[PDB]
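Structure below; questions to follow.
The other protein chains are all here in position, but one chain of the complex has been omitted.
We just call them A and B in the order they show up, numbering each chain from 1.
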Amino acid sequence: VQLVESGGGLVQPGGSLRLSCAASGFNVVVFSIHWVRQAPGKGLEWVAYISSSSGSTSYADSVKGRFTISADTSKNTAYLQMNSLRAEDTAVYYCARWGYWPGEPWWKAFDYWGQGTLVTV
Amino acid sequence: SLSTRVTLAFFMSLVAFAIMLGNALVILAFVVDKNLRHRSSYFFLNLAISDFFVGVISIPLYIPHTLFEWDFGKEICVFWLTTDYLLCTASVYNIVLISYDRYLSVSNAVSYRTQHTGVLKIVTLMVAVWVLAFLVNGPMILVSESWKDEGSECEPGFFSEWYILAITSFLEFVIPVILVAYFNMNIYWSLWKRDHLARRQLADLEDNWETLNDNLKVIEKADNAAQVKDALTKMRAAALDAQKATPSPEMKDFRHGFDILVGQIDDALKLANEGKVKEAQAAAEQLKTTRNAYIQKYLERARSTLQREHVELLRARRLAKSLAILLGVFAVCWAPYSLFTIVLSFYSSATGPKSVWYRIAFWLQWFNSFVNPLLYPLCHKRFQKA
Partner (left out) sequence: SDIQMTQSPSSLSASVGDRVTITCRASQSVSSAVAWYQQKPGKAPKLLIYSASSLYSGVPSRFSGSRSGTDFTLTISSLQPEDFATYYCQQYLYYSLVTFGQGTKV
């Protein structure tokens, strides 16, 4: 399955940016979705987690307070909205799949990554 | 002197009577008490029987030969030498059989200890053991003792020929020592591996349990600074490490209980991880319902298994030390003979094997068999009490 992103574009500092991750055949309720940002020429950085089941959302340490993530089971998609950008969030954002605790889905996490999207502040 | 022959004959008769009485007491303690009739006593009976016949055969027949005048034929003399080899090598071959049985009972315990083989082979080994000695000693010297001279008649004629002496020396003694040492080392190494995996695995389980308890103690005394996540992070790590410690439905009982526990910690964490204002007062107390009910079974069961491995190790150590001291006494008694017949084989025509120390050596081999029933009750004190 490929989690394609269609939120590529350029925004102004402080403006709102909306991203979208789409599932390519796997149920979104049985597998949570995690976002990871990578600055140009820097290491990967975690962003946030969304679970369509149990409704649990957790954000990172430096992005909390200005990121809102929402997943609709019917749309089979996850939307991440950046309420405020401080010129430090300029990176390439990817969305990958994660497994719940029971069994091998947990032990194998962050597989079938997406192509990504470019977010320039 | 003339009066010394009678005194030496009386002393030899007393020694033979003492050996016979000791062996008869051992056989009586064996046949009366039915508790000492298990596998740990079938291969030990010959050790008290074969040498016993020595006291009836070797010591008395040696009296006409030395103290009195030789009034026996060569056939009788040969038969005596024959009994002497058969009953002698029988002891070390029964020791080898005991070592092999212990190796099969320890190394192959996954199949032999779980399902014991039929007893119809046990006796099939025992008698064979005796004939084994025959196949080592019976024919060979019989072919090489074809000498015309009558000097040193019942001294074996195959002497003064270093090749057969050297070959036999190795077969009779060195080869058995090898097999016994190999079996004992295999047993000890297998038990040390079984206990080392147990010791380490049980230590890892205990460390994980101690860490989970130390984290739960902080969870119970929750701080207003949202310290639940920092304590649970460690708790998750502890659970995951103890879950992978594999000791089937019994494994699923253990795994499922851990999965439940990890899921309980995962939901407890959720409130803190979300950043939600309410942490529900660190409600991870329910882990106490899982800590002392589900995962307690293996924490007690595995501990007992380690205890079982330790006793077994002590018993194997005792048996190995017993076999080692028996083999050491046998070697200390046998070596003077082997050091007085292969080093003096350069000259044996006149007064070569005729000396006091060589006769003393002949007596020393018989003595090994005298002390054998004296040190036999050292292994099991049941004979002493009964």
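By our rule, contacts are C-beta pairs under 8 Å (C-beta built on N, C-alpha and C of every residue); 3 or more make two chains touch, one makes a residue touch a chain.
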Checklist entry - Among the chains present, which touch the one that was left out? => result A, B
Checklist entry - Where the complex has a chain not shown, which of B:237, B:306 or B:329 is the residue touching it? => result B:237
Checklist outcome for this item: Touching the hidden chain, out of A:52, A:58 or A:77, is A:58
Checklist outcome for this item: Absent-chain interface residues of chain B come out as 230, 233-234, 236-238, 240-241, 244, 266, 269, 273
Checklist entry - Residues on chain A that touch the omitted chain in the whole complex? => result 32, 34, 36, 43-46, 49, 51, 56, 58, 61, 94, 98, 107-111, 113-116
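Here is the rule we go by: only the chains that are shown with their structure count from here on.
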Checklist entry - How many angstrom between the C-alpha centroids of chain B and chain A? => result 66
Checklist entry - Which positions of chain B touch chain A when the two form their complex? => result 259, 262-263, 266, 270, 273-275
Checklist entry - Hey, which residues of chain A end up touching chain B in the complex? => result 54, 56-59, 64, 101-102
